[PDB]
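K.L.:
One-letter residues, chain by chain:
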Amino acid sequence: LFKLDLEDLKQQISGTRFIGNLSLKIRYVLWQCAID
Amino acid sequence: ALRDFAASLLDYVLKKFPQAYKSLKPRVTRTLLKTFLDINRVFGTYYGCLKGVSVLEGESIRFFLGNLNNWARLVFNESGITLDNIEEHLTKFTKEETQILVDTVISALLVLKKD
Numbered sequence: 152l153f154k155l156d157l158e159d160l161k162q163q164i165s166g167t168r169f170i171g172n173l174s175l176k177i178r179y180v181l182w183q184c185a186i187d
Numbered sequence: 345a346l347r348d349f350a351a352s353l354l355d356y357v358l359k360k361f362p363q364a365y366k367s368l369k370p371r372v373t374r375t376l377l378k379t380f381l382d383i384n385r386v387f388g389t390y391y392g393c394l395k396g397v398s399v400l401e402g403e404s405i406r407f408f409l410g411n412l413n414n415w416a417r418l419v420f421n422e423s424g425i426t427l428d429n430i431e432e433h434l443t444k445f446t447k448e449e450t451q452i453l454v455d456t457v458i459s460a461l462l463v464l465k466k467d
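Protein chains in written order, with the entry's author numbering: chain K, 152 to 187; chain E, 345 to 434, 443 to 467.
Rather than coming from a laboratory, the hints here were simulated on the basis of the structure.
Hints are not guaranteed to be accurate.
[To be verified] Chain E side only, calculated, beta carbon under 7 Å to chain K, not exhaustive:
no. : residue
1   : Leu381
2   : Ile383
3   : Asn411
4   : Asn414
5   : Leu418
Backbone N, C-alpha and C define an ideal beta-carbon position, used for all residues, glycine too.
Take the sequences, apply the hints, and build the full model.
P.N.:
If you want it as structure tokens, here you go:
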């Protein structure tokens, strides 16, 4: 039954919008760690 | 008007309580850096974030120099553009609030080049 869950995972990670949001979140966590 | 008033009430409480420095300066700039660094927010939250950045000072504003390019490339969609058809190109916002964002992002950037 995990095939529909894998297709729902592929439905929510494909495209330009998700990887750029990840690039914003990792920049947030790097600057938040390096704030001091 | 409420964003511009509440942003100039945050700067009033960063100076009324200087004994709590290093306990509400990094907390508030961490709140603003956490709320600012995303795509799925409405325009007014970004405006309040940038005005709260504006009512800070010094190297902290420089601390948002690096992560502004990718923020613009995600929120304004310059996917290979050559800066020519910018008036009628863009996707989340309208033209007026994008002009407000480009105005307010250098309304705070003037503090880092005046010293």
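K.L.:
Give a verdict on every hint.
P.N.:
Each hint tested on the structure:
The interface hint given for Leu381 of chain E holds, since its Cβ lies 4 Å from the closest Cβ of chain K, which is under the 7 Å cut-off. At about 5 Å, the closest approach between the beta carbon of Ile383 of chain E and any beta carbon in chain K falls short of 7 Å, and the interface hint on this residue holds. This hint holds: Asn411 of chain E has a C-beta 5 Å from the nearest C-beta of chain K, less than the 7 Å allowed. Below 7 Å, beta-carbon pairs count as interface contacts, and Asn414 of chain E has one with chain K at about 6 Å; its hint therefore holds.
Taking 7 Å as the C-beta cut-off, the interface hint given for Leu418 of chain E holds, the closest approach to chain K being about 4 Å.
Of the hints listed earlier, there is not a single one the structure fails to meet.
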